[PDB]
Amino acid sequence: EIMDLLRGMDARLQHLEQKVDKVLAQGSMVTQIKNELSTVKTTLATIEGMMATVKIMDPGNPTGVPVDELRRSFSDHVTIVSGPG
Amino acid sequence: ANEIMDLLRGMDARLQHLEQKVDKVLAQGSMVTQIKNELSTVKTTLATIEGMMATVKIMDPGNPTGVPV
Amino acid sequence: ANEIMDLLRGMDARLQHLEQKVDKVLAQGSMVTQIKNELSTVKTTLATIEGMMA
Amino acid sequence: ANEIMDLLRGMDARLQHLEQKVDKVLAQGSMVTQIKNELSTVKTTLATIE
Numbered sequence: 220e221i222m223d224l225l226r227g228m229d230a231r232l233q234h235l236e237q238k239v240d241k242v243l244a245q246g247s248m249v250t251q252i253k254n255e256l257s258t259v260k261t262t263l264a265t266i267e268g269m270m271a272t273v274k275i276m277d278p279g280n281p282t283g284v285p286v287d288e289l290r291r292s293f294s295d296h297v298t299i300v301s302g303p304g
Numbered sequence: 218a219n220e221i222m223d224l225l226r227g228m229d230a231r232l233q234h235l236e237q238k239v240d241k242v243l244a245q246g247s248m249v250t251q252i253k254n255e256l257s258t259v260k261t262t263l264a265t266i267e268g269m270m271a272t273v274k275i276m277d278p279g280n281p282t283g284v285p286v
Numbered sequence: 218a219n220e221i222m223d224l225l226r227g228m229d230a231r232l233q234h235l236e237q238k239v240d241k242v243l244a245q246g247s248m249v250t251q252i253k254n255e256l257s258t259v260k261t262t263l264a265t266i267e268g269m270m271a
Numbered sequence: 218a219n220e221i222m223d224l225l226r227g228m229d230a231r232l233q234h235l236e237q238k239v240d241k242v243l244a245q246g247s248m249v250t251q252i253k254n255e256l257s258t259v260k261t262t263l264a265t266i267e
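Line order of the protein sequences matches chains C, B, E and D. FYI, the entry's author numbering numbers position 8 of the first sequence as 227, with every residue one higher than the one before it. FYI, the entry's author numbering numbers position 25 of the second sequence as 242, with every residue one higher than the one before it. FYI, the entry's author numbering numbers position 7 of the third sequence as 224, with every residue one higher than the one before it. FYI, the entry's author numbering numbers position 49 of the fourth sequence as 266, with every residue one higher than the one before it.
In isolation and in its complexed conformation, chain C is listed as follows:
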């Protein structure tokens, strides 16, 4: 029983060793993801900064082009949501 008490133990143990070497890659990939997501925070802060202060200007009709030609706008109601939805 002692042989049995050792041989399978060593075999399982070697399997554990292999799985452990596989698992230590977790820490590495996880910290790389952490840093990359930190860069995502850095760039998302900038994209917020750019989008917060944006100019929206209506060109108007200073040229005096006839309204017939200017009728380049939809005449059908379309239901779009922004936040609530």
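Hints were generated in silico from the structure; no laboratory data involved. Worth double-checking, as some hints may not be accurate.
Computed beta-carbon distance windows for the label pairs [what the hints assert, rightly or not]:
id, chain 1, residue 1, chain 2, residue 2, range
1, D, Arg-226, B, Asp-223, 53 to 63 Å
2, C, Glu-220, E, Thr-261, 54 to 64 Å
3, C, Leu-224, E, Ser-247, 28 to 38 Å
4, D, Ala-230, C, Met-222, 14 to 24 Å
We treat Cβ as the ideally placed atom computed from N, Cα and C, and that holds for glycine.
With chain C's structure known, arrange chains B, E and D on it following the hints.
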């Protein structure tokens, strides 16, 4: 006799080594917790960006719109 | 021949310790499965906004 | 005695189960490759905004 004791001693030592390996692996999860905490803000800020883009798009006078219901 | 019993109780003790640490490790793995799901949603909405900007 | 050999067969069976789900943990690597791909896309597309 004493050889079986040598074997048991070597196993317990080997399990101790693995035990250090697994407690290190467990300690690795704190920064996973931090990355979850930051993915929180990821979703929040992304939703804010989406909402800003949507309300900018609806602001165009060319296409009449309407809130559902 | 009692030492054998003493060491055996010791192996049981480190054993329980392995059980608890491995169980919480499984909890960490379950929480990374959550993370996976949320970031999936982040990808979906990012794709939506990429469609919207163009 | 034999009781502890039986118990240890029990604990190594549980151990094999732990390794079973451990093998399932690594499945995240493809999706994290996808998340890096997301970074690349968002960088390329925020380049357009400026």
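To see whether the hints hold, each was checked on the structure:
A C-beta distance of roughly 23 Å is found between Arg-226(D) and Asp-223(B), which places it outside the suggested range of 53 to 63 Å. In this structure, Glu-220(C) and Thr-261(E) meet the distance hint of 54 to 64 Å, their C-beta atoms being roughly 58 Å apart. Under the hint 28 to 38 Å, the C-beta atoms of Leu-224(C) and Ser-247(E), about 35 Å apart, fit the expected range. With their beta carbons about 20 Å apart, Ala-230(D) and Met-222(C) fall inside the hinted range of 14 to 24 Å.
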